[PDB]
Amino acid sequence: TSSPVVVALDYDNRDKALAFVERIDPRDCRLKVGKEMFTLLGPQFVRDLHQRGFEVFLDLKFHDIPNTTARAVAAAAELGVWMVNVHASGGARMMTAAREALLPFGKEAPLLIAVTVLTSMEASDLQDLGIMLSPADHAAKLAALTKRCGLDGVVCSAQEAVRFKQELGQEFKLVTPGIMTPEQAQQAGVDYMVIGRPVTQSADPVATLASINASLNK
Amino acid sequence: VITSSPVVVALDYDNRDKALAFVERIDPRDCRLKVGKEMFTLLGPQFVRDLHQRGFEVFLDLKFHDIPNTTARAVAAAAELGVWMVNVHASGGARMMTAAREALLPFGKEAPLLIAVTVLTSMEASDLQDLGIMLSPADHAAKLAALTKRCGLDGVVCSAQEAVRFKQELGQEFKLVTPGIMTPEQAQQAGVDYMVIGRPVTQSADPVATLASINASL
Ligand SMILES: [Mg+2]
Ligand SMILES: [Mg+2]
Ligand SMILES: [Mg+2]
Ligand SMILES: [Mg+2]
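Chains as they are written, first to last, in the authors' numbering: chain B, 21 to 198, 212 to 251; chain A, 19 to 198, 212 to 249.
Since the hints were derived computationally from the structure, they do not count as laboratory data. Hints are not guaranteed to be accurate.
[Unchecked claim] As a list, the in silico SDA-like pairs of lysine to any residue whose alpha-carbon atoms are at most 25 angstroms apart:
(1) B:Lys161 / A:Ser144
(2) B:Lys193 / B:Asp148
(3) A:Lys167 / B:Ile85
(4) B:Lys193 / B:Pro155
(5) B:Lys55 / A:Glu128
(6) B:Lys251 / B:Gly198
(7) A:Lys36 / B:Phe192
(8) B:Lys161 / B:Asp145
(9) B:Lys167 / A:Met213
(10) B:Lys167 / B:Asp157
(11) B:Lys55 / A:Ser144
Could you put the whole structure together from the sequences, leaning on the hints where they help?
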């Protein structure tokens, strides 16, 4: 697909999940598999989506020692996923090890994206941890580290996309976490946008996606 | 059938047959098992079920680090899977750890031990500085361990080098899990409750005899 849309599958049941996926079409969007779904269903669920033609963002936010994170990212590449993420809080050596583990996969390597600051973190949450920079500023610091380590991009809200494209450049991918419309967020510089209930709770998911996609550059 | 051993053997295989060949050699009276990010990404929760069916208690070592509600749902998923221990990153902050604690309350005494990673064993001061953390690994770990205790979690992952300090500061009931210069016997002397051991057992010539030699010293 050339759509920048990535639909979040936040189901707690495999029946419902694949009932939705049956409705829509892989030519129209990609899919995100997060921590709960994966913990409940495992990589077989990812294989189910691949067998249905979809490209998948595996959103497990790996955060471990460098060698383990590298092996996990390589495991995800062996699963065939399109995108995988790690925590930039794991540090430069961890992010570098993950990048090097994907080198041999060549053009089959998933996009390797870092989480910087979680959307839930406020300054009071950060200060407990010894962090005195604001969420946005700490995120900018971790995003610069991510780029220096050669990763493909970061998870970044649409509200920070202009700042981050300016500071980090056009090639460095911005993926939203999942107020701007999709077209506004694309204008801000978002490369891939995660969309959840607007699509999965739509009475007509295909028509919701068709109208979203009609508003976006491809 | 519960082990008296404090040993938890890390299953870091890239192949199910090799892992289960190991698991068949050993016995659940002699150790617990740890399932981490690599094997869980390859095999998912069915692999945990296969270990349970063989009578083992399992440390599900996925180091959950996400927004509070997502981490809570993942921790509850692990509890429904029936695992013995599960961990989270203290770096996710207090509200995330509290959310995870609250998610386990409905599971009561069947809930897994809920343990926080503080500082990863791989991290040196220079790795932390890049993140804006100016404390030594040991002192940042102590800060995050205090926060973990204040949030009501059951213990932390901590090196044996810091166990005497942590038992003094945080008390006897607060569990210390080493991640794997101190011998198992010394680690136990220093107050370690559970010790993860990986390649020294799984990659040894004779893993059963290696594990026996470790248990004989404990
Ligand atoms: Mg690809
Ligand atoms: Mg046997
Ligand atoms: Mg046996
Ligand atoms: Mg238990």
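Checked hints:
no.: 1; hint: B:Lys161 / A:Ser144; result: holds, 15 angstroms
no.: 2; hint: B:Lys193 / B:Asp148; result: violated, 30 angstroms
no.: 3; hint: A:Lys167 / B:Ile85; result: holds, 23 angstroms
no.: 4; hint: B:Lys193 / B:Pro155; result: holds, 20 angstroms
no.: 5; hint: B:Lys55 / A:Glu128; result: holds, 22 angstroms
no.: 6; hint: B:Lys251 / B:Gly198; result: holds, 19 angstroms
no.: 7; hint: A:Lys36 / B:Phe192; result: violated, 40 angstroms
no.: 8; hint: B:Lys161 / B:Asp145; result: holds, 17 angstroms
no.: 9; hint: B:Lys167 / A:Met213; result: violated, 38 angstroms
no.: 10; hint: B:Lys167 / B:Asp157; result: holds, 15 angstroms
no.: 11; hint: B:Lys55 / A:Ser144; result: violated, 30 angstroms
Comparing the model with each numbered hint stated earlier shows that hints 2, 7, 9, 11 do not hold.
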